[PDB]
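Structure in C-alpha cells, see below.
Shown here: the complex without one of its protein chains, the others still in place.
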Amino acid sequence: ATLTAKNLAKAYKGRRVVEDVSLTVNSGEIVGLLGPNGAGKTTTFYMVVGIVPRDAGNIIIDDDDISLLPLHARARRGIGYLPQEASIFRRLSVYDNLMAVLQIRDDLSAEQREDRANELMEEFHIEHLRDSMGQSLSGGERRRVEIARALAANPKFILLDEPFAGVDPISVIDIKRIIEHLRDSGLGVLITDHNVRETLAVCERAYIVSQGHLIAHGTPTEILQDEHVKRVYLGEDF
Amino acid sequence: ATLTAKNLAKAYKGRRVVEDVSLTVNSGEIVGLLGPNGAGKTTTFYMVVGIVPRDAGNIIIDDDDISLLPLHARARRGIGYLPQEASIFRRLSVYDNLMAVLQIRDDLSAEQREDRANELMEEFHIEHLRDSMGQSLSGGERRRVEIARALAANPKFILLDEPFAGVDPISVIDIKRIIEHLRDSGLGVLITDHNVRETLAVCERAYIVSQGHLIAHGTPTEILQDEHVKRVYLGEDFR
Amino acid sequence: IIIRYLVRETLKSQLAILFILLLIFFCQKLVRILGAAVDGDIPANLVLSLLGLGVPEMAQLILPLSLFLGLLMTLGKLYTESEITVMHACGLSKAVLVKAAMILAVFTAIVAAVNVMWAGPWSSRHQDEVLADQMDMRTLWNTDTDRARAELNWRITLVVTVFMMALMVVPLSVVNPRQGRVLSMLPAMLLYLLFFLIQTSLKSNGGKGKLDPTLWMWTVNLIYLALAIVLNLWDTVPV
Partner (left out) sequence: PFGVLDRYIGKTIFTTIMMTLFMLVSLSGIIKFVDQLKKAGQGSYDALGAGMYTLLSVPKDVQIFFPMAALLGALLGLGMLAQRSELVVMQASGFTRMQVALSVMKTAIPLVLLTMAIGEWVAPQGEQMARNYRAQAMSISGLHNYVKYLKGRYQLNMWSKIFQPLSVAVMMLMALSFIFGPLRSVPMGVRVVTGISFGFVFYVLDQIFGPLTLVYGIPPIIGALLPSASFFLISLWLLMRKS
C-alpha cells in the first residue's frame, strides 16, 4: 500500500516545530526519517504513528483518511508500532504475550490462532522459549519477541523507533537481518534514530528533516552527494 | 605523572564482572576503554574513578597508593571525573560554577582566583556569556562549561564518561577538538564511551574488555586487524 | 488473557496495600484509644480486643481506598515500562483498561457490601457488650426506613464509590514524562480527598438536619460520577 503523509504541522506554545513535510512509503521499502535533534525528526514520526495529535495535516493509508483517529484505531487498519525501550509484557510467558495480541484479531477461527502462533515461533527461532516468562531474556532475545508479537497483529508498514539504541556492532548484523526480513514479506519499514552510519546502509531512500521543513529526500547515495544537508548534519561523514 | 591500575576485581553476587584488568595512562595521551555492554567496561571504569569500591585492586598514581581512598580524596590527587549527564549547577551562574570549585583549592590566594577564572572563560571562548544561569545555556555549553569547571580543580588525569553519547555528527567535531586540546596542556584522558567509531578516531591506545578481562591493548590499527576481538565485539566489517 | 493479566497484577498490589494501609489505621486507632485509657477507663482489659472491634468500622474507608490506590500503583507501573503504550499500538482499545477495572471492582464491592450490611452492625452490637431508638450504628440494613436521620445513604454511598473510583483512575493514571511519576498522582489523590471531605461534611452536618440526600448528598455523588465519564470519553468531538 501507499501510506502518504502530507502537510504535517504542530505548535508547542507558539513555537513552530514542523511545517509541511511530505513523506510516503510503499510496500516492501525501507524509508528513513532522520535529522538533527531540533524537533523535526521526532515529532514528525510521532504523527504517522499517532501518539501526538496533529495541528493540521492529512494522513491516508492508501485509500482512506485516518488522520483524526487515535493510535489504537490506526493499528486495526494497518500501522504497527515498536517502542524504543523494553516493552515485552514482563510477567507473562513468551507464548502468552504472543497470544494475548493474537486473541484480538477477529477474522480468525480458534484453531487458526494456534497455527499462526506456531508459525511465528518457528520463523523467529523462539520455539525453544515457549514457557519462559518475560524479564529473563537478552537484548537479542527480547527484541525478537517484541517484533514477533507486533507482527501477530497483521500489520502493514511496521515503523520502528530507534532500533539500535545502544548495542555493540556484532548485534547490528542481525537487527539489520530481521529488518531486511520484513521487506521480504511486503511491509514498508519506517526507521528513525540517532545512528546515521547504519540506516543509510539499510534504507532505499531517506527523509532528512531539519529546523522545521523537510530539507532533502532520495537515495542515500544522493544524500551524501548533497551539499545542503552537509551544513547542518553529516559534516565529513564518508 | 602516570596513573596505572593493577589487577582489579569486583563481584556483586556470585558472578565476577571484573577479573584482573590492568591499564596504564600517561600524561598527554588519550586512551580508550571499550568493549561490549555489561562486560565490565563500565565497572572497571568506575573503579578507577572511585564510585564503586574496589575489592582486590591496586590503583596507583606516580608515587602514592590511592586504592583505599574515596572519590572526594581522590579528586585532590589529580583525578577529574565528568559524568555523562548535564551536571551543570542549574540555579548558579556560569561565573559561579567556575568559582564554586576554585574556592575548594587552598593553595590559591583570594585574589589569585579571579584572574585564573577569567583565564578559563577566555580559553574555552565562553567569556561572552557570564551571567547566564545554566538551566538554559545550550547543548554546546552543557559540554564546554563542564570541562572548564572540572579543569579548574587542577586535574592530572581527567576521566570522561561517554562524551559523545547521542549528539549530532556535526557536533562530534567540536566535542573532539577540545579533547585533543585537553591533552595539549599535559593532561592524560581516558574516554570510555559506547559509540565505537570516534573513540578509535581520537585515541592512541585502547583497553577492550570482554566479560572479565582485557582482550587487546594496542593502537586502533592493532585492533581492527586483530582476530580475537572480532568475535565477541565489532564484527567482520569495519573499513 | 490480557484482562486476566491486568486483574492478576493489580490484585497482588491490592492485597498488599490492604496490609499496609491497615497498620496506618491500626496505629491511628491506637493513638485515640490511649487518650481514653491513660485518663479514661482502666486499661487492665479491652485495649487489645477493643481495637479488634474497630476493624469493620475502619474497613469502610480502606476497602474503597485500596482499590483506588491499587489501580494507581499498577497503571503507573505499566505506563512507564511502555507496556500500555504497546498494549494499544498492536490493536485493542481503552475499554480493556476499563473492563479490567470493573471486574476487579465487583470483587471489592461484594466485600464492601458484606462489610456494611450485617458486619458493621455485628461488631457495634458486641462493642457495647464488652463494656459491662436513636442508635443508627447498631441498626441493621432492613430497618433503616423509620425516621429523621436514618443514614442509610452513607452506608450506600461507599458501595457506589467502589465502582466510581475505579472509573476515575484509568484516565488519570496516565503519566507525563515531563511531570514525572510521583507528581502524576496529585491530580488523582487530591480528587479522592475532595470526595471524602464532602461526603463526611454532608453526613454529620446533615445528620442533625440542614441538608440531606434530597438535593445535596446524591448530587455530589453524580457530578463526580458524570465527571468520571466525560473524562473517560474525551475521544470525540467537543460539546
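Residue numbering begins at 1 within each chain, and the chains themselves are lettered A, B and C in the order written.
The definition used in the following text is that a residue touches a chain if its C-beta (ideal position, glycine included) is under 8 Å from a C-beta of that chain, and two chains touch if they have at least 3 such contacts.
Enquirer: Considering the whole complex, which of B:100, B:173 or B:201 touches the chain not shown?
Expert: Checking each option in B:100, B:173 or B:201, the one touching the absent chain turns out to be B:100.
Enquirer: One chain is left out of this view; which of C:15, C:16 or C:34 touches it in the full complex?
Expert: Residue touching the absent chain, from the options given: C:34.
Enquirer: Touching the absent chain in the whole complex: find that residue among B:28, B:38 or B:70.
Expert: Touches the omitted chain: B:70.
Enquirer: Touching the hidden chain in the complete assembly: which of B:55, B:85 or B:119 does that?
Expert: Looking across B:55, B:85 or B:119, the contact with the absent chain belongs to B:85.
Enquirer: Since one chain isn't shown, list which residues of chain C touch it in the complete complex.
Expert: Given the touch definition above, chain C has residues 24, 27, 30-31, 34, 38-39, 43, 180-182, 193, 197, 200-201, 204-205, 210 touching the missing chain.
Enquirer: Which parts of chain B face the unshown chain closely enough to count as touching?
Expert: Missing-chain contacts on chain B: residues 49, 51, 53, 70-73, 75-76, 80-83, 85-87, 89-92, 96, 99-101, 103-105, 149-150, 152-153.
The rule is simple: only the chains that are shown with their structure count from here on.
Enquirer: With centres defined as the mean C-alpha position, give me the chain A-chain C separation in Å.
Expert: Here the centre of chain C sits 42 Å away from the centre of chain A.
Enquirer: Could you tell me the distance, in whole angstrom, between the mean C-alpha positions of chain A and chain B?
Expert: That gives a centre separation of 35 Å.
Enquirer: Could you say which residues in chain A touch two or more other chains, in rising order?
Expert: None at all.
Enquirer: Which of the residues in chain A come into contact with chain B in the complex?
Expert: Per the touch definition, chain A meets chain B at residues 36-37, 139, 166-170, 172-173, 194, 196-197, 232-237.
Enquirer: In the complex, go through chain A and note every residue touching chain C.
Expert: Listed in rising order, the residues are 49, 51, 70-72, 75-76, 80-87, 89-92, 96, 99-101, 103-105, 149-150, 152-153.
Enquirer: Sort out for me which residues of chain C touch chain A in the complex.
Expert: Contact set of chain C toward chain A: 1-2, 5, 9, 81-83, 85-86, 88-94, 235.
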